[PDB]
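First, one chain by itself: the form deposited without ligand ATP, in structure tokens.
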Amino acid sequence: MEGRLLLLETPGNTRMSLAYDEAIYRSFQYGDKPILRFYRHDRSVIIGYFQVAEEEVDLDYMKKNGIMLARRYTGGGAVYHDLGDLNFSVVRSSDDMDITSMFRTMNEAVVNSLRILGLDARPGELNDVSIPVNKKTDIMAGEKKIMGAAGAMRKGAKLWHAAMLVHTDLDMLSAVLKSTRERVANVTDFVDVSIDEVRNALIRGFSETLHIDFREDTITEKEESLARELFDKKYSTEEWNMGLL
């Protein structure tokens, strides 16, 4: 019931930030304390494991706008991130490989968190990794998407991470990702709250819903070392971020 709250970031370096996520996930052993990490990325596009940068984005556009390209460990589509997005990941012990159940539980936690702030949200309804919005992995505010998520599972553990639009440049978001703009929204379009307020609400929602007492802690030397190794050998390389490795 005791958990770890990691306010671990690497703003400026999205590839390293993603390395941290895989690091805490891979280093995790069944029975360890659950982990909830909050972080943010500066202007960048993150593509899913099974995607190739040149099919989903305009490398020319992003290069001209100084938008970092990064590829994550988890599957799913491409998303745009900026400092207006609040990202968070959860790592816990797992007894099965039920993907649908993991997303359903996390979304329940998210809905409860947003309810605290007076924002009524709900999970998307379709099982189609290819569509932009309304997926069961998305969180909607009416007909607008305000949060997306992805995950991975292995024997003994599971990773779930999301990116919620708090005050992100929705235009830029639509323009970098190859109507659409009319299908997404920021939490601040509904409630005037800061990133920390959203963070604290999520801490409460997850703690209450999962029944975990997430207490502020720090990354271990073991996890940090693994993250640096993953960055050095993979996340920092071009073959990886392009989808060739």
Second form
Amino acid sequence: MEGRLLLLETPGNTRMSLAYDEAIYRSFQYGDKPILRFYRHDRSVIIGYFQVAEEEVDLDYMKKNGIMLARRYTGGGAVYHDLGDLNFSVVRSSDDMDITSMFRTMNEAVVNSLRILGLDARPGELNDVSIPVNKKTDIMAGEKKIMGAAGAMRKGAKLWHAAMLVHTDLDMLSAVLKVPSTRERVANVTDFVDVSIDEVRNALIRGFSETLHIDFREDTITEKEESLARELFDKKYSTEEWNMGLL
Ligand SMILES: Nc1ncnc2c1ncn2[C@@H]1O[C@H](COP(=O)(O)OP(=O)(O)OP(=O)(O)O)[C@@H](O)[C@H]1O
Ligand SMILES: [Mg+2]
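Got the form deposited without ligand ATP; could you also share the form solved in complex with ligand ATP?
Next comes the full complex, and the chain you just saw is listed first.
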């Protein structure tokens, strides 16, 4: 019932940030304390594990506006992040491989969280990874998408991470990601309520704590975890074969 709240970031370096995630996920052993990580990324585009960089983004537009190109451990679509986006991930013990339940429980915690801020949201309905919005892995505010999520599961452990749009540049996001309006399909938490990043963070902290019945206490990353992260970074996340999609 005791948990770890990690306010671990790496702005300026999206690739190292993703490395931390896989690091806390891979070092984790069945029975450890649940982990809740909050973090942000500066202007960058993150694609899923099975994606092909040159199939969702124009490497040129990103070379022009200084958008970092990073690829994550989990599948799913391509997203645009900037400091207006509040990313967070949960790592806990797992006794099965049921993906549907993880997303259902996590989305439940997020809904309870935004309620606290007076924002009534709901999870998407469709079971289609290809469609941009209204997926069961998304959280909707009315008809607009405000949060996207992906995850992975292995024997004894599961990972779930999300990206919520608090005050992100919805135009820019639309411009960088190819789909085929999108702009008209997403929205920021602040379109509904005037709240800061921390307020949304503190809201989610209570939400996940109350929903999951886990007392998350601010903690720091461990040497073991930090080492593995540097490891994952140096040998994968900081390489082109991985970020392009060849590794
Ligand atoms: N920072 C963001 N947070 C939430 N949704 C976003 C963000 N940036 C863009 N989007 C919208 O969310 C979509 C994310 O891709 P997709 O719908 O395939 O799954 P996802 O699970 O939300 O991806 P993530 O898990 O967001 O990489 C984009 O195509 C876009 O329409
Ligand atoms: Mg999603």
